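So this first bit is one chain, no partners, the form solved without the named molecule, shown in structure tokens.
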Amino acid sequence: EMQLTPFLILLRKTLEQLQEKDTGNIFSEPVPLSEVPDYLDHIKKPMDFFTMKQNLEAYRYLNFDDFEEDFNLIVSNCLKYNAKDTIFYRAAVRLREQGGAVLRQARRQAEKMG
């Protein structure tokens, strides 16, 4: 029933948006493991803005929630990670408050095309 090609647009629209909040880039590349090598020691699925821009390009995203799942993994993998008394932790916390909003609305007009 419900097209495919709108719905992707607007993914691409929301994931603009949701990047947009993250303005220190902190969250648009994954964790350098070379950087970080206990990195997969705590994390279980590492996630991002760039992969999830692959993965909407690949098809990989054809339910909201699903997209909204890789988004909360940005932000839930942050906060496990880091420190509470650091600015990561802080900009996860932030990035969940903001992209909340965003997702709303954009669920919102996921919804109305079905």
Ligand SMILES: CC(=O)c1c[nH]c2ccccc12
The other form holds:
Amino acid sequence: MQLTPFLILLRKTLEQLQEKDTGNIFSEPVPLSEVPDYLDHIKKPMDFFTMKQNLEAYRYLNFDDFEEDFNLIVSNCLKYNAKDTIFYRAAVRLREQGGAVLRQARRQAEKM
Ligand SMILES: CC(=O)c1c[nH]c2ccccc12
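Got the form solved without the named molecule; any chance of the form deposited with the named molecule bound too?
To see the whole picture, the full complex is given below, headed by that same chain.
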């Protein structure tokens, strides 16, 4: 299995996931200056910009590596934000719509 086609696939998949986050609330790290209690609750922050950096640093070499960080984006947001917020429901929506993107992309990776 070759590295370059796999990274091309992950780049495309990341772009498709970012397209689902229409408010761009997951595009960059949660601003810790605005939420000093965030790290009291969240052990490993994650966001799409950090994922892009990890991808280009060759830190994702299987689909699980990539999907685990996506799941952190979702789970951190569900954990930190109250159920009655836009942010919480945006993580639900991203889990649902992004899971579909991920299933098709993992299938492409399995074809490699
Ligand atoms: C994705 C997320 O939880 C957040 C994204 N931006 C934020 C700002 C304040 C509190 C939380 C957030």
